[PDB]
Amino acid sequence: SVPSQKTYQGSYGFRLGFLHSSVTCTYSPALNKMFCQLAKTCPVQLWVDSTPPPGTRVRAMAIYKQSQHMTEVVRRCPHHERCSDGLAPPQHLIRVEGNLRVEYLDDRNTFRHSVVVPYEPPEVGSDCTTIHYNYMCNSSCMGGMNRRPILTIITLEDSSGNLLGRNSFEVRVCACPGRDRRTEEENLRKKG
């Protein structure tokens, strides 16, 4: 069964923020789509109106956006899997850097890969919580996503696992994130 992708700000009013960092990761709010480079730092901010309690965890899981491949499990192409972080399995697509308490789940039921990190409140004077994600496979990777568009699902959950917040966004791992972002963005306003 495909995990749900419906926006759910929840009781804490959870929302997502995107930054930039040659652009290595850029975000289009018109398309709600992230264009980044292979194994590059992708800043994803967490904005909450109500500070969640301790023990709260942030899970990340990628699904395919098209209907004909939505039921297909997202994984890393066997080429990039045969050739390493350490705590991250070689089949996982999404990784987290900067956090030493990160977990990687494979799910004995669905068999989908996910990566979770304990929630932390904004630090010294911050207004959100930045998580640094990494995508270890190109969109055009044969054997993996294979040109299929994928959505990244970010969820908030308590210590047990019950849902508290959900947001999603499209991701394209390409060589030129800026060029492709402008290309699709115009390729969108030109329809009108």
The other form holds:
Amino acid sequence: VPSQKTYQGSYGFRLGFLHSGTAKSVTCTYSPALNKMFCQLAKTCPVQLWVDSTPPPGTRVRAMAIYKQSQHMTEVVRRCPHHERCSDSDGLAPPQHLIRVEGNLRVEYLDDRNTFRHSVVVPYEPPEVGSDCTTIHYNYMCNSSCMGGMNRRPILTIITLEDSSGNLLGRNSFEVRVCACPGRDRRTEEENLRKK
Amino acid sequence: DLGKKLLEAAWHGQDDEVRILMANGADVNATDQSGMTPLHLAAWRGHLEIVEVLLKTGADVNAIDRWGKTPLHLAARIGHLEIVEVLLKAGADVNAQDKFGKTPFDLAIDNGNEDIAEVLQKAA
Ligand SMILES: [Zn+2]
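Can you swap the form solved without its partner chain for the form deposited with its partner chain bound?
The next block holds the full complex; its first chain is the one shown before.
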């Protein structure tokens, strides 16, 4: 069962997100109070890799979804049958994978031979000149509400920094809700947290 | 634990959340897994207003992380000029060496931050 434990590690690995607010038409927004991303289906979700020191060439960055609730954590997170069969692949992603990376021709998609879990992995590259972080553009390809799939169960995304052999260098995670109205839902869930 | 929440609020730049946490006395001296304080994190990300409120609140301007860096080290490395200026005014130690033997000036030089290196040398 995939670890979700924050592990900043020797390279001081953290995640950053944009400040996108809660307006009616927002497509991706991150709640620091909830450590939770709210986003629309198939829209660009920028995730920033911040490191205190640069990991070596050959380092890779893996993303994987798991169910947040203990009673569901052993079930593989997959797209629902409707979306698996709707012929919407970009030509790189297998149609069953929930998480895609856009804009990177070196992306690789893994179906674990033993656990059957899906993940998507790109080579780590240092920030561009002038930039302080490396940005990966993720897409989530089912709504949280998809009945044949996540069926309204919250998920976590786990981002792992790995060496070329798959050994752990660092780990971070965040909750995700994929929904029609991310701004509205972020505003609602943040108001609920204030009450509890 | 309000210290852990303040670390993450300072890192993500949530001014309103930082204000609420500090209004509840969240520990400004809390440290994350890398030994960074809220002041370190805001100095790294470039959140000037959060840096300033932490300095008004008894945060140790010269706290060191697990690699020996102070907040001024981070601001000098990344290139946050206004934060460098306010850290210096608050008593940041220009001579502090991290575990690579580097002062903030050295990190400014190493990262091509010319204007900050000039500021730091005049304050040496
Ligand atoms: Zn679906």
